[PDB]
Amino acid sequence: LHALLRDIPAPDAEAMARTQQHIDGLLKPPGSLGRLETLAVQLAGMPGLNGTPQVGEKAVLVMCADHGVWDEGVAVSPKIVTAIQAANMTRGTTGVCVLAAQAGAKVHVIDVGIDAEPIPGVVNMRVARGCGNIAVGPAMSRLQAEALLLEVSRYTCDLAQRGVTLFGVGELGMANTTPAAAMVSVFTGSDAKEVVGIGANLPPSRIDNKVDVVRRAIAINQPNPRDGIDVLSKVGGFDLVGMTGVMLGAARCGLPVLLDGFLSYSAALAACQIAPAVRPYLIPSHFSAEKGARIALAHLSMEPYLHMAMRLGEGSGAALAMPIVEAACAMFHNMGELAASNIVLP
């Protein structure tokens, strides 16, 4: 793990300088393509990309897990939905599935802690049948966290070998916006009221209780903000852990990762906390409709591309942004050059 972390490559500034130069000479007013240009330069700096903005195979990793905190009345979806939906993931009927297929990406369903019998077709990395209830104690042990980090990391980088160059991260677990709020609050120093959202249609009347739960998790666990692994294990969840793992793995592998929504922001705060070197590999997707979105993003210093008012999760936002990433490559590679037209612009 310390190994893994140490070995995260820095971006190739040399490749980046060449990219910029090339971009500047394309058939257009310099910088006219805004964020598409920036995006492309960002990709060129990623070592696993071979000095150029390029997209090979695409995968979306969905981390599924149940949470003890569900018993605190924080989630109106019935617990079993995790298991059901997870199964659906295997049939290509979910929101992520549909969106991924549209993006030509492949969805990988990973069970890291579902409170149900194993589901065939789902990758089994199950830590336990749901995590501990953060309202009265830690979600899991430090060891348990580090281990999953390792395991997910590896799996992630291993896909790299199969030709994957672009990752999308997602989750599935009833009541997960709660631990998410807790983490944000902790890493960010914001009060719970500020970061707690309605999750999957939580009735306005039930908000108050959700906030209390969050505050409690915090007070009881005393998670240390300067220690991401500490935070994750105490008030996080299996699914949160797994997302952070994907992020560490893609970074170690020198590859780009597309974030999703609020849950994903939480995991990104942790990964950056654990390894700042991770930052440059992260790519925002959309701007989640969850209440704590703006704060979480501000702390990440990220401005998403898409404003869709989405709040489904599953990695649906991630899939949705893939074409944008492809567009930047097409731009980079297929556009003609000013010089070839004898055009000169200031």
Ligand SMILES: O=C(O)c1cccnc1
Second form
Number of protein chains: 2
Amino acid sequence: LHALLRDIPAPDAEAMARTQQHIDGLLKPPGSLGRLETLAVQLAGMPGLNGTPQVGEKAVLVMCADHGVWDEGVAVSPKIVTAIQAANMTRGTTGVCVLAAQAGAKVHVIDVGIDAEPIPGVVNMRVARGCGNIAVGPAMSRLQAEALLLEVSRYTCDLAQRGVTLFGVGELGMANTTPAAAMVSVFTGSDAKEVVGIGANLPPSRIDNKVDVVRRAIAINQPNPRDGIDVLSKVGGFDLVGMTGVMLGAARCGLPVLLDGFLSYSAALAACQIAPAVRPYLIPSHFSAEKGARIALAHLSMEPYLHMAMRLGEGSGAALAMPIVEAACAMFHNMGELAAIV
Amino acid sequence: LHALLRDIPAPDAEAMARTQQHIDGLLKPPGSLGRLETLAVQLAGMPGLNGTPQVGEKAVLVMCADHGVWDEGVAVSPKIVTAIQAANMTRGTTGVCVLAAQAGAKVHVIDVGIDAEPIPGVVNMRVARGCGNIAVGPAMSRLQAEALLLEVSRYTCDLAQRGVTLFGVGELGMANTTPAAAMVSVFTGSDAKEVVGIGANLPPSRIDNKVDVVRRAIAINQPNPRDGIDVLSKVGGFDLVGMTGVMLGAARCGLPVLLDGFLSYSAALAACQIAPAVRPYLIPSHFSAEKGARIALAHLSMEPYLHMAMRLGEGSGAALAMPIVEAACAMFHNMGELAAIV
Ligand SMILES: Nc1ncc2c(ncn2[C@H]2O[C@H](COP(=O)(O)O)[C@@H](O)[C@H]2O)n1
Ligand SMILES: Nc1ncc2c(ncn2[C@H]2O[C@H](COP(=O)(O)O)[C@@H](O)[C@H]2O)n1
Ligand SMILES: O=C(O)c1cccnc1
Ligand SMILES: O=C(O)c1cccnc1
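In place of the form solved without nicotinic acid (NIO), output the structure of the form deposited with nicotinic acid (NIO) bound.
What follows is the whole complex; the chain from before opens it.
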């Protein structure tokens, strides 16, 4: 894993300078396409893209797993809903599947810890049948976290060798907004009440319990904010670790990753703590309607492109933003040049 | 024109109720797809869409024209740039053309007042060779404004009969952010300094002149804020009137219209003043980087989906948002149902 992290490439400043010059010369007032221009330059700097903003094959990786903290009454849906929705992912009927198809992306469903029998058609990388209950101890061992990080990282970059150039990250796991909130509180130094949300329609009367569970998990585990792996293994979950792995993998591969919502923000906070070199490869998609979204985004220094009040997860937001990345490439390659007005 | 306005259909509450019920039953926590759900219901209420959110053919209408106010030194580009860019629109090299192609939409270029010889391949609806200089008098006569409104309205709804179900509005005209700012000041009751921006890269040292020109245009013409046509004819322009016409036309046709940037906001303020029944058919796209954007959007009660710091115009933002409208339809029609989890 040390090797992996040490081998993440820095952005290509030379390709970026050439990209900036080319964009400035397009048939439009300089800087008029705003963030679409900034995005094109960012893509140009990613080594896996061959010095130019381009999109080949697209893939959304959905990390599925169950959480022991579900027992603390922090989620309104029965625990089995995780397994059910994972199966539905193979049938193409879920929200991320429909939005991914609309964007021409392929969805990869990965089981890193569902508490049910293996689901056919789902990639098997399960660590255990659900992680430990963070309210009374750690989610997993540090060893388990590192192993999963490495496994998902290799899987992600291997896809790159099959033509995939743009990744999207997603998840599925009842109760996962609880460990997500705990991680955000720890990494940002914010109080749990300020970053704990309603998740998947948790009744307002049950919020107090959720805030209490989050505080207990932190007090009992004492996660070290300066060590992203320590945080993940203690108050995170397998799905959260898996998303972090996709981010580390894509960056090592020198390729872009589209973030999703609240769960993905907590995973990105961990990834950037573990390896700052991953930051340049991260691309925000939408601004989650989860309470702790603003705080998490602020510490990541990111401003999402889409304001849709979305809060579904699954990587649905990441899929919705893919056309935006393609548009920046289309702008770059298809617009005429001023030289061809002063 | 009175007939036209009187015949704009109210939204179909029955189709909307059926849409809401259907969306609530999809394979996801109720309301989790946020504004994508709200958009689907809004589309369902538009009579031209046959009781269901759907997108057939897509078209962006770009209204081109020159302005006499250019002589007051409010724009940095030579006046000929309007004619040049209009020609480029036919070659598919402009920003809106590239983004429209990416969204599978067709661009219609309409000349409602360019100060140059007719451009082949451009739809001819020119009123005059540029409008009057708003700093010393009106842009045009009320008669001219009404005539153009009616003409563009009929053209827009006629396209509907050719399969077009989604419109996008755009413009081209050096110096047009000046009359746009004047209209916004008048409709919102805001001071010119608060809504006058840099347009297409106007140097910071030239802003004072622009604010002064805007104030003079208002003082000299005395436009009545309660009469949208009076405002348009006095301190607007042919391109601005044309965009308003597309909005009135689409609404009469019972079809959705995607707004673009700052210029389109001023046109939408006028359209809603002229006929409140047009409001339900308007769909925001992006949040323009023009100074007066927030104020204009506030009076329209609209929250754009995209935050791209864009300020190009041409209907480029409208094209960028089309995939978002299609995604709401895909969600509606392709997601599975919960009945098929409680
Ligand atoms: N039926 C259903 N329910 C929740 C879903 C989902 N698709 C995504 N999610 C989202 O809700 C969960 C997090 O919310 P909480 O912490 O309240 O349990 C995760 O599964 C997340 O992906 N489908
Ligand atoms: N080369 C060029 N210049 C301006 C352009 C453009 N495409 C769109 N615009 C935008 O800039 C103009 C408004 O800004 P101002 O009021 O400062 O003149 C309009 O033509 C608008 O469409 N291409
Ligand atoms: O922001 C998200 O991705 C999210 C928010 C609430 C519940 N599930 C997912
Ligand atoms: O918001 C717009 O559409 C815009 C802003 C500045 C210059 N041209 C267009």
